[PDB]
Every structure is written in structure tokens, then in C-alpha cells.
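Let's have the full structure, built from the sequences with the hints guiding it.
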Amino acid sequence: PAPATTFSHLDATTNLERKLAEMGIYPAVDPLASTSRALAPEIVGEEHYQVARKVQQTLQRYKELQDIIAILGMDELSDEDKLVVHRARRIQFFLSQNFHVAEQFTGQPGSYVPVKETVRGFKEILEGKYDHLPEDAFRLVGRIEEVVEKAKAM
Amino acid sequence: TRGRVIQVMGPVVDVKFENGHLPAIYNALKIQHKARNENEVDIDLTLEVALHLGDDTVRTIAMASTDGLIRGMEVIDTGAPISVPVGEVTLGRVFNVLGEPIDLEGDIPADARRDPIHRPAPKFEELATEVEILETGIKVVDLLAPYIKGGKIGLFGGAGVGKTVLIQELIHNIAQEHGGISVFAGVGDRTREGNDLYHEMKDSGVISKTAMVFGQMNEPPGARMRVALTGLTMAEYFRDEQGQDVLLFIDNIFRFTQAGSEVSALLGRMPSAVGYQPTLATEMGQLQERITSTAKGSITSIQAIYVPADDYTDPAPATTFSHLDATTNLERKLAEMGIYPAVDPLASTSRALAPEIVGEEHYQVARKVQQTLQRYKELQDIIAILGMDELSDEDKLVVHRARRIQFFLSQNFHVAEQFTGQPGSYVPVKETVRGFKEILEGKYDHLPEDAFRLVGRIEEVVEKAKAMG
Amino acid sequence: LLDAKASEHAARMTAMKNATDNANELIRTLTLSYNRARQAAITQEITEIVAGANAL
Amino acid sequence: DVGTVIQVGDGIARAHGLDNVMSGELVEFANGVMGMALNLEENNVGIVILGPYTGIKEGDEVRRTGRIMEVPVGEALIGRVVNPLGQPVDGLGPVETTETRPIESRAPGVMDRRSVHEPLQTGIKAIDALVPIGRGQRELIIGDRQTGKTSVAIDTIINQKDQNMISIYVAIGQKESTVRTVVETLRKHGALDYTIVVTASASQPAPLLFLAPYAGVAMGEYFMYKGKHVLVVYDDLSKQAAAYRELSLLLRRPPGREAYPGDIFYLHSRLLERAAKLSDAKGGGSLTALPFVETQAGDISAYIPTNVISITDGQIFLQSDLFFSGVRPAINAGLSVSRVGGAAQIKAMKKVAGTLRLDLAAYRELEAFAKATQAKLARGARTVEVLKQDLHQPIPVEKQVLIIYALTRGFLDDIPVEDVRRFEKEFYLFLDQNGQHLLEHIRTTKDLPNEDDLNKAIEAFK
Amino acid sequence: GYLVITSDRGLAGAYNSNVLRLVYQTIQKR
Ligand SMILES: Nc1ncnc2c1ncn2[C@@H]1O[C@H](COP(=O)(O)OP(=O)(O)NP(=O)(O)O)[C@@H](O)[C@H]1O
Ligand SMILES: Nc1ncnc2c1ncn2[C@@H]1O[C@H](COP(=O)(O)OP(=O)(O)NP(=O)(O)O)[C@@H](O)[C@H]1O
Ligand SMILES: [Mg+2]
Ligand SMILES: [Mg+2]
Numbered sequence: 316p317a318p319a320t321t322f323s324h325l326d327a328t329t330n331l332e333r334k335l336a337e338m339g340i341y342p343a344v345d346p347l348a349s350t351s352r353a354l355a356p357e358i359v360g361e362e363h364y365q366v367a368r369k370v371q372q373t374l375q376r377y378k379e380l381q382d383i384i385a386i387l388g389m390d391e392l393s394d395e396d397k398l399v400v401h402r403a404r405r406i407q408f409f410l411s412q413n414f415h416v417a418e419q420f421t422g423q424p425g426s427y428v429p430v431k432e433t434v435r436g437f438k439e440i441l442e443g444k445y446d447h448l449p450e451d452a453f454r455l456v457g458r459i460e461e462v463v464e465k466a467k468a469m
Numbered sequence: 002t003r004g005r006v007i008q009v010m011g012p013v014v015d016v017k018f019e020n021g022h023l024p025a026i027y028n029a030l031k032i033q034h035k036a037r038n039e040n041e042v043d044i045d046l047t048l049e050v051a052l053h054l055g056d057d058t059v060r061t062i063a064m065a066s067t068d069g070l071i072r073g074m075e076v077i078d079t080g081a082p083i084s085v086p087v088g089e090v091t092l093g094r095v096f097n098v099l100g101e102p103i104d105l106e107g108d109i110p111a112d113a114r115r116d117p118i119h120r121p122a123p124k125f126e127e128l129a130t131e132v133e134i135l136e137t138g139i140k141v142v143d144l145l146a147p148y149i150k151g152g153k154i155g156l157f158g159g160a161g162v163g164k165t166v167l168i169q170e171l172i173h174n175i176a177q178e179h180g181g182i183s184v185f186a187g188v189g190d191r192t193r194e195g196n197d198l199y200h201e202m203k204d205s206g207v208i209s210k211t212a213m214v215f216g217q218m219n220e221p222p223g224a225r226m227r228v229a230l231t232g233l234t235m236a237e238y239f240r241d242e243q244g245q246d247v248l249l250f251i252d253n254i255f256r257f258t259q260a261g262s263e264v265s266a267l268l269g270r271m272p273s274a275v276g277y278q279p280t281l282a283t284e285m286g287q288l289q290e291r292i293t294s295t296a297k298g299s300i301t302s303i304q305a306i307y308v309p310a311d312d313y314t315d316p317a318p319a320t321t322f323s324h325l326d327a328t329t330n331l332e333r334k335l336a337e338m339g340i341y342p343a344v345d346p347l348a349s350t351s352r353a354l355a356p357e358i359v360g361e362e363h364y365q366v367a368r369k370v371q372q373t374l375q376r377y378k379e380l381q382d383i384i385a386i387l388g389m390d391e392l393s394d395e396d397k398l399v400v401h402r403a404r405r406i407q408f409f410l411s412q413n414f415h416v417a418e419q420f421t422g423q424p425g426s427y428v429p430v431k432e433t434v435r436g437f438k439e440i441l442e443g444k445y446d447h448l449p450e451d452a453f454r455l456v457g458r459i460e461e462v463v464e465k466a467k468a469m470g
Numbered sequence: 228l229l230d231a232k233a234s235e236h237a238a239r240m241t242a243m244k245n246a247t248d249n250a251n252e253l254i255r256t257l258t259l260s261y262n263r264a265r266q267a268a269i270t271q272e273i274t275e276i277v278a279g280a281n282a283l
Numbered sequence: 027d028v029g030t031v032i033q034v035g036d037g038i039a040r041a042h043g044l045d046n047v048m049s050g051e052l053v054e055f056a057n058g059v060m061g062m063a064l065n066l067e068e069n070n071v072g073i074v075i076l077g078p079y080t081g082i083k084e085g086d087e088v089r090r091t092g093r094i095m096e097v098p099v100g101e102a103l104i105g106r107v108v109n110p111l112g113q114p115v116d117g118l119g120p121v122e123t124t125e126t127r128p129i130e131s132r133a134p135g136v137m138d139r140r141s142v143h144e145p146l147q148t149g150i151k152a153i154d155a156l157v158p159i160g161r162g163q164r165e166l167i168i169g170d171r172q173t174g175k176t177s178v179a180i181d182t183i184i185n186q187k188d189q190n191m192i193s194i195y196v197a198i199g200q201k202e203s204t205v206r207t208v209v210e211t212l213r214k215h216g217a218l219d220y221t222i223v224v225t226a227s228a229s230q231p232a233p234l235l236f237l238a239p240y241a242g243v244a245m246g247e248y249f250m251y252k253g254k255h256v257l258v259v260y261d262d263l264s265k266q267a268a269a270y271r272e273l274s275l276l277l278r279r280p281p282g283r284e285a286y287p288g289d290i291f292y293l294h295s296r297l298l299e300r301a302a303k304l305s306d307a308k309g310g311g312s313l314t315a316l317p318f319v320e321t322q323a324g325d326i327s328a329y330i331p332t333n334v335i336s337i338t339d340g341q342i343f344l345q346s347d348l349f350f351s352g353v354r355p356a357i358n359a360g361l362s363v364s365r366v367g368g369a370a371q372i373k374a375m376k377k378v379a380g381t382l383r384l385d386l387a388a389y390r391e392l393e394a395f396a404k405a406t407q408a409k410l411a412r413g414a415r416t417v418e419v420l421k422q423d424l425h426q427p428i429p430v431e432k433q434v435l436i437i438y439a440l441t442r443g444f445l446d447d448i449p450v451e452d453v454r455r456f457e458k459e460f461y462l463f464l465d466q467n468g469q470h471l472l473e474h475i476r477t478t479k480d481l482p483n484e485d486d487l488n489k490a491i492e493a494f495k
Numbered sequence: 076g077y078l079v080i081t082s083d084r085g086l087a088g089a090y091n092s093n094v095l096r097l098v099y100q101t102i103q104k105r
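Those protein sequence lines, which keep their order, are chains H, L, C, U and D. For the deposited numbering, add 315 to where a residue sits in the first sequence, where the first one is 1. For the deposited numbering, add 1 to where a residue sits in the second sequence, where the first one is 1. For the deposited numbering, add 227 to where a residue sits in the third sequence, where the first one is 1. Taking the deposited numbering, I'd label the letters of the fourth sequence as residues 27 to 396, 404 to 495. For the deposited numbering, add 75 to where a residue sits in the fifth sequence, where the first one is 1.
Because the hints were derived from the structure by calculation, they are not lab data. Possibly wrong hints are sitting among the right ones.
Claimed, not checked - The calculated label-pair distances, taken between Cβ atoms and stated as ranges, are: (1) L:271 <-> U:345: 34 to 44 Å; (2) U:177 <-> L:89: 56 to 66 Å; (3) U:122 <-> L:89: 29 to 39 Å; (4) D:97 <-> H:465: 45 to 55 Å; (5) L:23 <-> C:281: 22 to 32 Å; (6) H:465 <-> C:254: 44 to 54 Å.
Stated by the list, open to error - Derived DSS-like pairs: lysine-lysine, alpha-carbon spacing no greater than 27 Å straight-line: (7) D:104 <-> L:467; (8) L:465 <-> U:404; (9) L:444 <-> D:104; (10) H:467 <-> H:378; (11) H:334 <-> L:465; (12) H:438 <-> H:467; (13) L:378 <-> L:438; (14) U:214 <-> U:458; (15) H:431 <-> H:467; (16) H:431 <-> C:232; (17) U:404 <-> C:244; (18) D:104 <-> L:397; (19) U:495 <-> L:203; (20) U:479 <-> U:458; (21) U:201 <-> L:465; (22) U:432 <-> U:479; (23) L:397 <-> C:232.
Beta carbons are placed, not taken as given, at the ideal position from N, Cα and C, and that holds for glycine.
Take a look at the structure:
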């Protein structure tokens, strides 16, 4: 009842799932249940809506396929279905960010990104430019330009 | 200087006294009356005080049937706790909870010294602690949870798993040849078993070194609590004033706490989570804190607790773990596999499972067995849904062994001879520690699935397999 | 190779036919556990509520 | 010894006055209904009504019976269907019984009991052959609805004419259609001339449903204490537990798990500990009880099934998946046990066919996985088929053990499965004209006859 | 020389083991 009563007044809510806390991909914001009044064409524009909707829909689609994988196996599913996982893993990993106030817990100074680079980077990750970079390279990075460096580091 | 009865609510009686004559807690009250008119009934009754509720009244709990209590009758206060005989005169005899003989063989006069039931637990300057093994010959118990002399051993099981079978097996294997005084308190069990063991003891000549009191199911809620205390007040004397080692057996001590839940709702208390009395922990502590060893002797007690269902999260059995020194757990789901005894290997533990007290060759095999069984427990869902053939070769090899270990945990008891074509067999500790080594290194693992059921030593397994072809 | 490829599909048919069964038993028993958990939760909630109401 | 009633709420009443009233006493209202006292406060008495309370008003006069919960007993109740309060149901005049028993009497205890070595002939093959019963034992009948529990009790009570055991049948919370069907069956077969039937239907108030088994056992033990043997059956304990929950919740007691109060283990014990086999201080008689428990979903782990198991000495759990499989009665070779040893059965049974339980349970598990095992499977179908029987066909115990001997010795391996049940009906037509002596030998010596002659008998039929 | 053939992916049941085991045994025995 307390969250149910609180949910009626917010204009934008971001939810945190302890599963994401245990996965080691911070912050723990779950994209599925996070919604806002700003996602309208007259406020964010058309360059925002299509990419956000595609990423949201892909992350919703992966949720049940990953559970099917837990029993049916890993190659019994078709290759086209496996591509959904192959790209959703990268999409979810790239959501992590190296913060500036977490320097005590991370030991790192962080990085900075503007919104233009965020929409731009998601467009590239859906474009297929980064299929061959390892997933673990996307953990706790900021601007997309850092990723190719971390792979260079590896 | 006499009391009255004004309110009756079943097990609870609300006696009343006059100024200055208020009884203390656990005091005993007596009521006697003879029929004044043909419409009345003759009953002699005794009561135990539990609460003081002001206005010159005290709450008391009845020790016998309360039918026919007319209001306005007289009450007698003894001024002392309930007194039960103790000492040499109590060997071989049988009493009820009030302490009188129920074996009909004779009386016990007042020259036998009798003590109060309730006394405070010993101080820290009187207690002692030592660790040494008590042995039973059971394969499953002696390895993964050896017992400690003077400690507490707990048995946990549902509404029928074989608790009484284990208790009687232990008695047949230890109590006669241990050399110590034995007390068996028949708390809350079936009356048929209570009168069966009386024959079992008298015709076998062991009754000369045993004391018993009974509180079986038929008795009102007030009596079912104090059977354990009346059993313990004799073992205490046998330990202290005679310097004898004492074994105490209790079967349904849980019927203590349940009895409280029956009476608390009538005493006038607020209910607990699931309706228990809000005194479960303190009263159970006041009960089990007197079963202790001292510097003068040791008391070893084996007890069983009735789990109200297949749910160990229930507060009454869950809060028992604060006192046990060795734990044995039973469950229906292993009993139904055809394996007896169905002791769970991953929930029975003991303080004596340490490497300086049992040796390296014991601790190593115990830890290896537990580790090997954990993986097979974890593989449960996936082997159940799709099959044992899914897993890899290194997992298939592991699957080949855990069920054989579980089968090897089975053994034929001595009281099972009436249900099985073989009598009970004995496997010493040095043999039960040895046995698992052969299976773990693959010396005998290739035998078929059913040969390890109902076997003694590891040599009998191979001859049973040969008898199977 | 043709005989083996036919026996392969036969074995797969059998594997799915065994696999499809235990699911229904597992669902029915979990659903029973679900109703029992429900009933226990509601009973506990009403007992607490009525105890509070009687106290106050 | 006067007063007034001031509350008439929901079948429970409160009364003023009544200075001399005792606990457990019977009470009568001026309307003509019986009630009882269970609680006595500082200035009022709580009364539980045992009939139709719609006629009670405030200010009604209420009166003292002057004695504890006594129910009449004796031979005059034989041949009648009676109310638990002691009133005939089908008319036929008032009862002539003089002696009475308090139904709250203290049960016999230590130095008054003895072991069990003699069977209770039931005539249902699958029970006596696998889960034996003896006099003094308390056997739980528990299981699902719409599977045929009552059809076991009826057959068991019809078979008792040859053992001369006065018996009582108790119906609780039940529909009158089945009650009168059972009564008509008993009167047709004649069982009513020595059995006593007590009923308390679903249209009756809860307190009658709560008290019915106490009267059913009090009118039964009286013949025990005089040396006779008695069998007592209860139609359903689940309904009695529900009625007690109803009464307790009207009385405002704190509910426990599933709202069932903590007295459940107490209430049933004070009912089920009355069964005993008396010592020589009273007589050699014995009483056996068959209480019934209905499971809401067929799950054993519930509260009432386990609490009722805790008192009884065994149980047979009747299943529903067996009901639609073409097998009646639904008896499971697995989780169903009796604690009495094999010696209770006649010595031939333990001698030869005691392996039936293993032979059947092993097959019942092995079929799930399904040369040596191929041969083993062939026997199980015959092991289940021979145990089958139809309605109202109680086989004599001598022929019963003879056919069990024929089954266990492998005489039937040639007979096809679908024809097995034919052999069983034709085989008894053979022996009465060729092996009449073996029946009398079995009846007299309680032991198996000569093995050579018994083996020679069968080849003539085959 | 020996030829052994198996299924190409999982959920095939006991098809895979029963042939690999027998081929392996019959070769290393001799
Ligand atoms: N070695 C064994 N082999 C086969 N069955 C066994 C064995 N030991 C015990 N049992 C069974 O286990 C059942 C439980 O025994 P029993 O002690 O009478 O019940 P319980 O667990 O004590 N329940 P309760 O005493 O009322 O709290 C017995 O009735 C036997 O059928
Ligand atoms: N052993 C049997 N063989 C053949 N038919 C049977 C058998 N037992 C019962 N039946 C039939 O099945 C019906 C159901 O039996 P019945 O004894 O009324 O079940 P029940 O115990 O009353 N079920 P419930 O009312 O929920 O307790 C009977 O009326 C018979 O027609
Ligand atoms: Mg037992
Ligand atoms: Mg019925």
C-alpha cells in the first residue's frame, strides 16, 4: 500500500531492482518499469522516440527468451532468436556508467557524456558496428568512444 | 484459612482466598467433597497455581477432570509445591503425574524422601563442560552426528516417521549395558506403547534399574505439562546425591508447549503469532536449563519434538535449536523412498564433528560425504524435469554415486525383526567410518542400485548382490 | 545414415513425449501450494486485524 | 434453582441464576429442548443448545436435569435408529432402556490392557490380505471424496454376523438420501436387529454434530464392559472438526492455524482413547473403531489429517486417481501401514501369502519406469486383478485364504488377465463339490491343511 | 577403423550416450 499510494503523484519514476544490484551492472535502473511524461514527440523529438522505443522493446523481448534458455538449452533456439540475446547483452551492459561520486568505491575518476552522444551511441549499437567487441568491455564506461579504448586495453 | 471456587472454564479454575493467605506460584491446592444430596457427584481434585489476578483471587490449572465442580465448595492449600517420591524406593515402580503408584503392586510410605519439582537452575560456578563420545552403533548417526556424554540429543520428525522406533532401538542398544540409572517418562505417547514397554521391561529383568512416570494422551491439559518435570526431578537426584550416571528418555516433550496454548487462551493472555502463549521461549528455557551435567555426574537425555506439520519454520520447533547439542531430523519425503531410517544427511549436525576429537580419517570422510550429497541435492530440479541423461559425463559419474550413499544409510533395526526377515545388525563406529571409504574410492560402487538397501557391514552388500545373481 | 536419421527423429519424439508430462503435475502442485499460501496469508491478516480491533 | 435467559445469540445462550449448576450438566428449556453448560462466570452461565433454538425467547424459564452427560444404553435400543440425545428417529414407540452411561467417563488406563492377536474379519480381500486389523486397534480410514469410503464400512458391518459382535454406525453431517439407502440395505440384509444406527444430519445444529461420536462410543463400550465384543464406525471426523471450529469461533476463542483451535488434539483424544482390550478385572472383550476423514484436496500434510493420525494406530489413504482407473476399492499398496504383526492373521496367511505387500508395492513403483523384470511385470496385473471385488460380495475367510494361496503360489500364470476375474467366480463353484473338507479344517485348526493335498486339489480344476 | 554417429544437438534423450559408450567399450576392450 505505501508504494501504491506513492505512485500516483510522481511525474517520472525510475525503479531499481535488487537483481540488477547483484548482477554488478550499476546503476540498477530497470528500463522496463521506468516511465516519464517526457516521452512525447513534441518534447524530445522524433530522433529520440524511435530509438528509445526500439531499445525498450528489445529489452522486453529478451526477458522471456533468456528464461527459456535456462531449460531449453543454448543452441536449440534458432540463430535469429539467439541474435536477440547477442545484442541485448551488449545493450544492457552499455547502460552501466562510471560515476564521479563513486570514486571511493570504484577508485576511478569517471567520464562525462551529453545526451546527444547517448542517442548517437544507442543508434550505433543497434547499427551493428560493435558486434565483435567483448561484452565485458562495456562494463562501467561512459562515452561510447571509451569502449574501443578498453578493448585496446585488453 | 480455606479457599473457594467461584469460576470454572474447563481446564482453568478461578479459586479465591482471604487476605494474607495468598499462595505462591506452583503451589498445590486440594479439593475434597462428599455428596450432600443425590444430585451431587464425588470427585477428589488437585490444582496448580499459575497467576495472581488481584481482588484476593489466583488462577489455577486443574490436574484432573473438572466435571461436576459445584461453585461455592471448599479448597485446601498445602502451602508447598507438588511433592513426588524420589530415591531408591522408586526403582521398578510406575507412578502418575501426581506421584502416586499406578502399577497396583503396592504403596510407598512417607519414610521415602520427596522433593519439590521446581528449583532454580545451577549457578555458573557449579556447571561443567566436557566432550566425549556416546556410541549407538547406528551407521547414519554415528558418523555425521556423534553424540556427547551429558549433552542433549534432539529428534525431529513429522506425524509419524519412526521417532519411537529410534528411541526404543537406542534403549535396546545402550540403556541396559550403559551401567547407569535409567528413567523413561512416557510424555504424551500412546497408552498402548506405555503398557507394552511395562511388559517389555518386567519380563526382561531390566526393570530393576529403571524409573517411569506416564502422562499419555487421554489426560487433561494440566497434566500433560508436568510429566517431563516429574521425570527430571528423579534423574536429578540420581545424578547428584548418588553419584550415578543417568539416562533420560522423553518422546513427546513438545506436548508441553502445545498444552500451554490450550490453557493460555483461557487464562486471559493476548495471543502470539499463531496463537501460542507469549511465554514459549522463557518456559521452554526454564524446562531445559535443568537438564545439565555437573562436576559430580552427567545426565544424558535423548528427546523428540513433535513438528506440527511438514514445516520447520513453526516457532515452537524452530526455537528448540537454542538448546540441542546433537540434532537428528526426519522427513516424510525420504521415508517414502523405502529407506529406513530416513535421516537427512544435510541437516543433522553435532558439536562433536571436530577434527581434534574424531581424527582426520573421520572428519575427512564426513566432509566428503556432505560435499558429494550437496551437488546431487542441487541438481534436483533439472534431473526431475528433463532427466539424468542431460548432464555431462563428469556430472553423470557423480549422479552414479549419491543414491548409493543414501541407500547405504539404511540399516535393519532390532525392533524391525517382526517386519523383516532378518534381525537387527550392529555396525561399530570404527566400522561406520571405514565403510564410506570403499564407496567413495570406487571399491564397491559398481554394485546395483538396490543391493545397498537394508544392509549391515560393507561385506554383506557383496554377498547380497551375489544372492541377486 | 538414413536409418540413423530416422531413429534420431524417433528418439526426439520420445524425448519430447516424456518431457511434456511432468510439467502438468508440477504446475498442479505449485498451484495448490499457491492457494494454501493465499489462504494462510488471508487468515493471518484477518486474525491480526480482529485481534487489534478487539484490543481497541 | 430458577433463572432467566438474557441472550439467545446464534445457538448459544446466557442464563442468570442457576446457583447449584455443575459443569457438563444437562439442562432443559421450557420450550422442550435440551442444552448443556460449559462455562460458569461470576454471575452468568453459558449454555449450548442441542436442538432448534428458534423457539427460545428472552426471559424463558430454564431448568436443571441434575446429572452429568448420561446417554441411555441397553438392549432395548437394538433395532432402532436413535438421536444422540436419546430419542427414536423412525417412531416405533418410546425406548425402554433403564441403564445409562456418562459419555465423559474416564477411560481405562494402566494395568487394564493387553496385546492383540485375533483378527477382525472384514471380508474385503485387499484389506485383510495387506493391511490387517485386530480387535482393540484403531484404524484410520482417510481419503478423497467420491471414491467409496462408506462402501467399505457397510461391507465390514454386514460380514460380522458370524462373529457375534454388536455394533454401532454413526452418521455425521450427512445427506439423508445416503443415510436411508444404508438403512434400507441394513434392514434388507437384517443387520439392524443387532446394530444400532445413530444419525445427525447436515440440517441439524452444530452441537449435535459435535456430540454424536461421544454417544456413539458410550452406547458401544457398555457391551464391552460386560464381556462382549463391539465394533464402532464414524461417518466423518472432518465434519465434527468443522462443527467444533464453528462453535469455538462463535465462543470467541483465538484461532490458530487454519482457524482451528488448539483443543483439536484434546477433543479427539478424549473421544478416541476410549477403545481398549480390558484385562481380567473387567473381561476379555475388545472394541475396534474405524473413524473417517475426508481430505479437501487429497493432501495428507494438512492440519486435521495429521492431528487425527497422531492418535490412531494406522491409516489407509483412499485415492481418486485409482477410482477412475477401473479399480474398486481404491487401495494403495504404498503409504498405508498397520502396526500389528503378521501373527494376527491365521497362521496360513503369514506362512504363505505374507509377501503380497512387497510383491504389489514393488510392481506399483516399477510400472512407472516400465528378462527378469519382464517376468516380474507379468505378476503385478494378476496381483491387482485377484484382489478386485464387487459390491456386496464378502468372500468367506477360508475361501479367501485359499484363493490368496492360489495367487501367491503362481497357479494363475496361464490365465489371461481379462479372464482372471472369471476364474475367481468359477473356482468356488468347484471346491464346494470337491474340497468341502478343507473349509472345516481351516475353520477348526486355524492352520493350513496338508500341503500335498492342497496342491493336489487344484490340478483337478485346472 | 570405426564409425560413430550421434545427434546434432540437445534434448535428444538417451540417443547419444547409448552409442558412444558401446563403441568406446568394444574398442578399448580388445
Ligand atoms: N526399519 C524400518 N523399516 C520399515 N519401516 C519402518 C522401520 N522403522 C520404522 N518404520 C515405520 O515407521 C513407522 C513410524 O513408527 P512409529 O514410531 O510408530 O511412528 P512415530 O514416528 O513414532 N509417530 P508418533 O510416535 O505417533 O509421534 C512405523 O509404523 C513403521 O511402519
Ligand atoms: N467396491 C465397489 N465396487 C463397485 N462399486 C462400488 C464400490 N464402492 C462403491 N461403489 C459404487 O460407487 C458409489 C460411491 O460409493 P460411496 O460409498 O457412496 O462413496 P462415498 O464414500 O459416500 N463418497 P463420499 O460421500 O464423498 O464420502 C456407490 O454408491 C456404489 O454404487
Ligand atoms: Mg511411534
Ligand atoms: Mg460418503
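Consistency of the hints with the structure:
| no. | hint | in the structure |
| --- | --- | --- |
| 1 | L:271 <-> U:345: 34 to 44 Å | holds, 43 Å |
| 2 | U:177 <-> L:89: 56 to 66 Å | holds, 59 Å |
| 3 | U:122 <-> L:89: 29 to 39 Å | violated, 58 Å |
| 4 | D:97 <-> H:465: 45 to 55 Å | holds, 50 Å |
| 5 | L:23 <-> C:281: 22 to 32 Å | holds, 30 Å |
| 6 | H:465 <-> C:254: 44 to 54 Å | holds, 45 Å |
| 7 | D:104 <-> L:467 | holds, 25 Å |
| 8 | L:465 <-> U:404 | holds, 20 Å |
| 9 | L:444 <-> D:104 | holds, 21 Å |
| 10 | H:467 <-> H:378 | violated, 31 Å |
| 11 | H:334 <-> L:465 | violated, 52 Å |
| 12 | H:438 <-> H:467 | holds, 22 Å |
| 13 | L:378 <-> L:438 | holds, 21 Å |
| 14 | U:214 <-> U:458 | holds, 24 Å |
| 15 | H:431 <-> H:467 | holds, 25 Å |
| 16 | H:431 <-> C:232 | violated, 55 Å |
| 17 | U:404 <-> C:244 | holds, 26 Å |
| 18 | D:104 <-> L:397 | holds, 22 Å |
| 19 | U:495 <-> L:203 | violated, 54 Å |
| 20 | U:479 <-> U:458 | holds, 24 Å |
| 21 | U:201 <-> L:465 | violated, 56 Å |
| 22 | U:432 <-> U:479 | holds, 13 Å |
| 23 | L:397 <-> C:232 | holds, 26 Å |
Violated hints for the displayed structure, listed by number in ascending order: 3, 10, 11, 16, 19 and 21.
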